[PDB]
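*Asks:* Residues per chain, in single letters:
Number of protein chains: 4
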Amino acid sequence: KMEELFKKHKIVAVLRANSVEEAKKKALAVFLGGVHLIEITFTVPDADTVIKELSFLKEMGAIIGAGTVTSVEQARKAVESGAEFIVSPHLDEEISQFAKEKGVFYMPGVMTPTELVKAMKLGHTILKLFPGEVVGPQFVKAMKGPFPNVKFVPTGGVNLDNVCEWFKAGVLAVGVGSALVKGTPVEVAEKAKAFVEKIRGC
Amino acid sequence: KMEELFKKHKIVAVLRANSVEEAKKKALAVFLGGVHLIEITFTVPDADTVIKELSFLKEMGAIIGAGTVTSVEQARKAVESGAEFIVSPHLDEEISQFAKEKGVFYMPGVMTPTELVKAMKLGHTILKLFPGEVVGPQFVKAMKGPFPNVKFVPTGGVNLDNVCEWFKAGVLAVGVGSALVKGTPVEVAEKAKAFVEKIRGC
Amino acid sequence: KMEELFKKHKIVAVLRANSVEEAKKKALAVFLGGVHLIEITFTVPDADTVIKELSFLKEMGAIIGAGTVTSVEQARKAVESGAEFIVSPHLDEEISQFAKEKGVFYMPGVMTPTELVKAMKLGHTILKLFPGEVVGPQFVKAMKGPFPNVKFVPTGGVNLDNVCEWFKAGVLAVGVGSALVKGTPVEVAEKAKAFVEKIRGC
Amino acid sequence: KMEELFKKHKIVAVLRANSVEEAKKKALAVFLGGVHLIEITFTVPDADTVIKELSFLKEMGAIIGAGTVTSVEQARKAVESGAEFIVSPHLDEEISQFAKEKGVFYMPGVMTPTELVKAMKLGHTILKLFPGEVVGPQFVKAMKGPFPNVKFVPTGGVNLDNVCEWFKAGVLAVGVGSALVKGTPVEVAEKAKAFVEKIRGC
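Residue numbers (the entry's author numbering), protein chains in the order written: chain A, 0 to 201; chain B, 0 to 201; chain C, 0 to 201; chain D, 0 to 201.
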């Protein structure tokens, strides 16, 4: 199901913000603009409260998860507050195990073939590729040779000009932060619309 | 001896293909065009059978190995079928150990200084650099400072325009996949000739 | 204090050389040109002797450390000879632990989010980013999102044209090798002056 | 079956070479370029060994025979080493008889109506016409009148410019030597491709 949602929606908003209020307003902006997968990063102050207060959007079909999860303690709080998926920038064995026992989808981040293989050995085949702007689509295309059955969701620098190249390389979905989320609510809602159209357009 | 063969031939064909028949025809094409080091990747269906059926080319001086080796079970099959060398995209401690006991040359893939150091601690000084198109010659030149005695064989994006830059950076040999191997047998045999000449030419 | 010195001086000369004499002359050149943080790499022959013979420059305010430290045995020699800080290209748990017990500042090198997190778990928040020319400022900016409290000192390709971009990305200091250190003593002393001015200039 | 293979493939490479190694490389070149009928002439040194060492290509669908067979002793060695067909430049009653008892297809060479008739009396209706460059398509057309049921495979001078004229005259297949086989492996593989296309093209 987690796989199937990424496949269908193709875009996850990676939401960094300086306050609970800003984070909630941007999550609403993004949703109102057609982005259903919303990742509340743990760099947001009181990121758990934000996830809990957005729980109602689930009734409107939003899928609210947590990102920048770097300890099992953070993972527990996110899940306790209703996170439907966990994302980290790195591969965390302890978070992998906790999410396995808890029955919650975890997408670890990877930047190398060795990291990729370790993640596969922990049962993962959908991987966050981070930072995407450093490795690029080139990395995604290179992995298709030896690891035809791994799929990536790049985060980092994905924007309006390159989103289609990423999909050409073979990515499953993209995670979009500052290109989507930075600015005012109005600007964010609008940029949300543009990304959906640009993605549909390819 | 394994080192010395890489040093002498300078190019390894990294052979991905959709069938046994295609893989064998491309391995013959490449050999006929002057490429003696042939890596049958385990993304080739029945890659073991292909290695076994190419065993006779060893009598003509071909050196047939296996690539995209990701488990010890695959490693065992490759060696059982006559592989003279094992290559992986990542650093695998279990494959390192098996190849050590079996007395077969293993070239793990590495993308970072930490991975490099771990591989050295496992006894390796000839490393696959993968994906070469992501890190580049720049990475090879950067490693010369702190690790003067490590040598790289980059795989990923090596082509006719950049092969000489790679050798300028200090690589021991190059692994060439799609630029060499994609196309028909005739086109592959011809591209094989071009790479040998271009490499000799630098 | 180690943090505070990096913060104040902003540049560390990464000194590779073919002899004790060349290394000492270049360390003097660099210091005479205004660079106070001097990293004697262990690729310098008898790098310990060089650190010991430069010990007097500490009385003039030079801070002499060791780089390219790849084993605890090398780490011990460097510290025994008066190294005030230890730098490696990779993350080394054994060197981390030794430096912790010995009470000496260690800056491990990292290239990925997973490596970064492991280093943080070992108590490090100032990280060498290596090779900087492969990942770039882009990597430093990407890390600010999920890891706002990590600071980088990139080594690899930092030069007169890009030093200000690096500081724009949010680095704590830069480690400069060949752009600073290559050439004759006179040329090195002069390039030292240029880097200090260019850094002040941004 | 022998008839039917000639009919289907339309071209037999007549392989003369100065060594075992050259002969094998050219047979591979030709096969890789789409020529399935390969005639190893007995002017090749150790022509039997070459036929035996190419025996595996039979598993890839190559049909390996012997040419320039001029005694029953040579015929025996060729058959013993796996030759699937025997070709001679002349009509040899002794080779005809041996091949009849052994159950192996023999194509004797003929240049005159009297030779043709003698071959028919020995049970042959598929004849090598040799030397084709001396008699020409004219000879093939002339034979259609009195001997409508004889079919020729000309050897001698068949090339890219005249191959279609030969087929216009009514030949069953062509045997191509120097126009196909002379040059390096790469050049031979390529010329092989050209002949197949030119033949298909008519």
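If you are wondering where the hints come from, they were derived from the structure by calculation, not from laboratory data.
Errors might be hidden in some of the hints.
Pairs involving identical chains hold if they fit within one copy or between any two copies, as the list cannot separate such chains.
Derived DSSO-like pairs: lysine-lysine, alpha-carbon spacing no greater than 30 Å straight-line [as the list claims (entries may be wrong)]:
no., residue 1, residue 2
1, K101, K192
2, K120, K167
3, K101, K167
4, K197, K101
5, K150, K140
6, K150, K167
7, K140, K192
8, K117, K192
9, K7, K24
10, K181, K99
11, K76, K167
12, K101, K181
13, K51, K120
14, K76, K140
15, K120, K24
16, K181, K143
17, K51, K167
*Asks:* Does each hint fit the structure? Answer for all of them.
*Replies:* Evaluation of the provided hints:
1. Taking the shortest alpha-carbon separations for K101 and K192, neither the intra-copy value of 34 Å nor the inter-copy value of 43 Å comes in at or below 30 Å.
2. For a Cα distance limit of 30 Å, the shortest separation of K120 from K167 inside one copy, 27 Å, qualifies, whereas the shortest one across copies, 37 Å, does not.
3. For a Cα distance limit of 30 Å, the shortest separation of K101 from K167 qualifies neither inside one copy, at 35 Å, nor across copies, at 42 Å.
4. In the homo-oligomer, the alpha carbons of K197 and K101 never lie at most 30 Å apart, since the shortest distance is 36 Å inside one protomer and 51 Å across protomers.
5. Both within a single protomer and between protomers do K150 and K140 lie at most 30 Å apart by alpha-carbon distance, with minima of 11 Å and 25 Å respectively.
6. Within a single copy, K150 and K167 get their C-alpha atoms as close as 13 Å, which meets the 30 Å cut-off; across copies the closest is 33 Å, which misses it.
7. Proximity of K140 to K192 under the C-alpha cut-off of 30 Å is found in both arrangements, the shortest distances being 28 Å within a copy and 26 Å between copies.
8. Taking CA atoms no more than 30 Å apart as the test, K117 paired with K192 passes in neither setting, with 37 Å inside one copy and 38 Å between copies.
9. Taking CA atoms no more than 30 Å apart as the test, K7 paired with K24 passes in both settings, with 24 Å inside one copy and 21 Å between copies.
10. Within a single copy, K181 and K99 get their C-alpha atoms no closer than 33 Å, and across copies no closer than 41 Å, so neither meets the 30 Å cut-off.
11. In this assembly of identical chains, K76 and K167 lie within 30 Å of each other by CA distance neither inside one copy nor across copies; the values are 37 Å within and 35 Å between.
12. For the identical chains of this complex, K101 and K181 are neighbours neither inside a copy (33 Å) nor across copies (45 Å), given an alpha-carbon limit of 30 Å.
13. In this assembly of identical chains, the alpha carbons of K51 and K120 lie at most 30 Å apart only when taken from different copies (29 Å versus 32 Å within one copy).
14. Taking the shortest Cα distances, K76 and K140 sit within 30 Å of each other only across copies (27 Å), while inside one copy they are farther apart (36 Å).
15. Neither within a single protomer nor between protomers do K120 and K24 lie at most 30 Å apart by alpha-carbon distance, with minima of 39 Å and 34 Å respectively.
16. For the identical chains of this complex, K181 and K143 are inter-copy neighbours only, at 15 Å across copies versus 32 Å inside a copy, given an alpha-carbon limit of 30 Å.
17. In this homomeric assembly, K51 and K167 never come within 30 Å of each other (Cα to Cα): the closest approach is 36 Å inside a single copy and 36 Å across copies.
Checked against the numbered hints above, the structure breaks hints 1, 3, 4, 8, 10, 11, 12, 15, 17 and satisfies the rest.
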